[PDB]
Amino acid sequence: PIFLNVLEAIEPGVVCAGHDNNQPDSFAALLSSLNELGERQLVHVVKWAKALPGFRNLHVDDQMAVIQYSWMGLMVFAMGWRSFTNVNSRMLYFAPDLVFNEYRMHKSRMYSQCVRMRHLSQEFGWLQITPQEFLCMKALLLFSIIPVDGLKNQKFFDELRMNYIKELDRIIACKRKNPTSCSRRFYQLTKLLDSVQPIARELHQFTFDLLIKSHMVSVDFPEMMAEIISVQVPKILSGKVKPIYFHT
């Protein structure tokens, strides 16, 4: 199971948000920390992504594009996984030192988006997602959103995507006899991956609005963050870059 050996071997480690719990919760403090966390996890993503099977085959420019357009959905997915394995999707485990309880969910002014994130978190349990399905599914997320015109080398991006889809397909097909369960498992998981997009765009909208008035609410933005939210996110929000859905 070479492909799996690789995914498991290159999975990023535990990342701390550097949040000062001793401080009273406050919109600015919570968001400033999520943005710092966002900036840190972004580093691991780039290293994780580049060590992916057949990834460096993509034109160096499409490597930036895909990473830049899909980090939100990737980070939200993993985070939903950490939540599920730690605080059992009861709360939201963004980082070891930044766990969201109902109070903080309301305090950050994103309770609505958090409710949907926690739902996703529960899905891992309800659907009994295995550690292997999670990894193949999360790889797929990286290839799940592109510009409507196409990347530098679109022909090749689609190839890589096909292979990753075929992998998630084998992961299910292994340890499973006959064929309606497989066919059924594949339907549930592609539906799960789809449900990630709607949540992602909500956060894109939220963070963009946030950055614009950041200096009014005292919320800090790291440099790659403030950079990506105004140079790549705007094109997702304006319909230039679009998610690739499995189902209609």
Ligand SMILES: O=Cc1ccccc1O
The other form holds:
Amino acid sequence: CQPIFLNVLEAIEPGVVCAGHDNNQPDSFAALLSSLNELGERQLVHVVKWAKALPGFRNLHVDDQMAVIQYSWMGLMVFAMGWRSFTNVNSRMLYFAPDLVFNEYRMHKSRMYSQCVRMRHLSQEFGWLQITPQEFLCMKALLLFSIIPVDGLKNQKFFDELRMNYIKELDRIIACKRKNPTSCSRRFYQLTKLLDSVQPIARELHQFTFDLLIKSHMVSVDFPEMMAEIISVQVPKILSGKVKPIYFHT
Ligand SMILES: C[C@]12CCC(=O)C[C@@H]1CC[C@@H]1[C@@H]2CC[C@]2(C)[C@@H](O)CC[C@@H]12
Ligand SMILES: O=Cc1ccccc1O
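Target state, the form deposited with this ligand bound; input state, the form deposited without this ligand:
So here's everything in the complex, that chain up top.
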């Protein structure tokens, strides 16, 4: 008995985070998005402290730590939101936060229905593939190291090593159960397919939040500090092609 890696992931797993949305007032595009933007600002802080508590993370260069966080904050938050939706309301609604649950009506009011549907579909994959709590944690941590600039990072060497170790950890979680190599191999295939399906979803939201920031003043949408900063400086690099995700399959 020495599941050191798994113990840490479960120990640093962020807690509940509210958005502070007023569910007593009628829904409106402006109010809904502004609340999500706030929820994002609040989440980002938790993610920063979460990633810094991850094994080996500290090895990365000070600038690369911030970089990976600023590039995958979108993918990480969605993957976690999809899980909450499955374990809380069985993927029937998007459980963004306790005080911010989106239904068929809100998905429409948000003016991003198509994107919400895709996130719900992702949430459903958790049930169709019978994803275990331990498998979820590993995959989420792996997402952090799933998007870097095509020109590599400051110390790209250390990054590949850390990623390799997290992938190795995913196999242990799979192997430490199955007996035959047919089940393990098959399982790895399924999980990798699940992780890649996240990238497409993330890119669609990256474009939506970017365009929204440009018209924010026009639609009366409030963008927090870091949120506006990261979206107008980091996000563009991804949409331009300077920063691309790391797919397992082609
Ligand atoms: C990451 C958040 C907030 C955290 C969460 O649970 C997932 C969710 C996915 C949609 C994002 C939202 C933050 C604010 C965004 C980026 C809006 O501007 C448009 C898409 C929204
Ligand atoms: O382009 C390279 C790069 C991008 C983000 C962080 C560190 C880097 O070296």
